[PDB]
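Take a look at this single chain, the form solved without its partner chain, given in C-alpha cells.
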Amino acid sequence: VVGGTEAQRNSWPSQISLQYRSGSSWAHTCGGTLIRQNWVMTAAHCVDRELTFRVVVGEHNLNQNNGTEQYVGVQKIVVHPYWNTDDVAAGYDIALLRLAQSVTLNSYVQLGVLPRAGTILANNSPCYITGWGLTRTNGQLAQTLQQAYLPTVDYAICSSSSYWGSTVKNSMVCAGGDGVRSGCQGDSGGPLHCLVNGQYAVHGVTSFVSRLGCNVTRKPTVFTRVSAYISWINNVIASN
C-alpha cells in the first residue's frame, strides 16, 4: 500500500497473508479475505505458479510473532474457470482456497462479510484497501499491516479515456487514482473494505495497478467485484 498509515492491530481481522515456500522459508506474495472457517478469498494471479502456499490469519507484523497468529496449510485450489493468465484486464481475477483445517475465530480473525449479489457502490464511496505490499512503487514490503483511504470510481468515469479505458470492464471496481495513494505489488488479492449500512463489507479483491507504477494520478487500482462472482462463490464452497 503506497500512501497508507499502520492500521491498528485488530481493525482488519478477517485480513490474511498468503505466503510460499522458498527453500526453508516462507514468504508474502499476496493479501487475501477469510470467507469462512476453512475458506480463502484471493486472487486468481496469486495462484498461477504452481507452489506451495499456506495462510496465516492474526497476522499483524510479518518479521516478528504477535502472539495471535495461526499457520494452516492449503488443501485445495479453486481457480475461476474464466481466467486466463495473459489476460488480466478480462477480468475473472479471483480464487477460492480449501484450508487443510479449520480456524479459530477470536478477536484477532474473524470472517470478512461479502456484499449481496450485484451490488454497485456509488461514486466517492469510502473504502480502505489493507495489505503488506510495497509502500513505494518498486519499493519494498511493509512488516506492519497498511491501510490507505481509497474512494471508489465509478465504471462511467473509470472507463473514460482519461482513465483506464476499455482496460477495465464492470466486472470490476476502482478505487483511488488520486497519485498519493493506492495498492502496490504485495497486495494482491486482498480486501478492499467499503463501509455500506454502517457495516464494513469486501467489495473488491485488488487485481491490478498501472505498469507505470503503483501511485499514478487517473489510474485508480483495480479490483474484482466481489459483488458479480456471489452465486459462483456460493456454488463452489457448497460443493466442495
Given for the second form:
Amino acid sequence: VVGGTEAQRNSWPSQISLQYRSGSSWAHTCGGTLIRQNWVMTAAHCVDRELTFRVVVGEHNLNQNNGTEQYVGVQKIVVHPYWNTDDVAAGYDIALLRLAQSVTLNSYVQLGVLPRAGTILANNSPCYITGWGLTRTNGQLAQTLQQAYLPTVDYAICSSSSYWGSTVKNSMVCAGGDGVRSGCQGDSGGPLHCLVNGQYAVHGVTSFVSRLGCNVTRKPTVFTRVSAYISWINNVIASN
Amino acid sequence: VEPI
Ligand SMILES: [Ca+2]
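Alt. form solved in complex with its partner chain, vs. the form solved without its partner chain above:
Let's see the whole complex now, leading with the same chain.
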C-alpha cells in the first residue's frame, strides 16, 4: 500500500496473508479475505504458480510474533474457469482456497461481509485498501498491515480515455488514482473494504495497477468486483 | 497492466 497508515490490529479481522514456501521459510506474496471458517477469497493470479501455499490469519506484523496468528495449509485451489493468465485485463481474477482446517474466530479473526449480487457503488464511495504490499513503487513490503483511504471511481469515468480506457471492464471496481495512494505489489488478492449502510463490506479483490508504477495520477488501482461473482462463489462453496 |  503506497501512502497508507498503519492499521489498528483489530480493525480488519478478515484480512489474511497468503504465503508460499521459499527454501526453509515462508514469504508473503498476496492478501486474501476469510469468507468462511475454511475458505479464503483471493486473486487467481496469486495462485498461478506451482508453489506450496499457506494462509495466516490474525496477522499484524509479518516479522514478529503478535500472539494472535493461526497458520493453516491450503487443501484445494479453485480458480475462476474463465481466468486466463496471459490476459489479466480480461477480468475473472478471483480464486477460492479451501483451507486444511477451519480457523477459530475471535477479535482478530472474523469473516468478511460480501455485498449482495450486482451491487454497484456510487462514484466516490468511501473505501479502504489494506495489505502488506510495497510501500513505494519498486520499494519493499511493509512489516505491519497498512491501510489507505481510496474512494471509488465509477465505471464511466474509469473507462474514459484519460483513465484506464478499454482496459477496465464492468466486472471491475476502480478506486484511488490521486497519485499518492494506491495498492502495490504484495497487496493483490486482498480486500477493498467499502462502507455501505453503516457496515464495511468487501467489494473488491485487488488485481492490478499501471505499468508506469503503483501510485499514478488517473490510474486508479483496479479490483475484481466481488458482487459480479456471488453466484459463482456460493456455487463453489456449496459443492466443495 | 501490472498484476500486484
Ligand atoms: Ca506476526
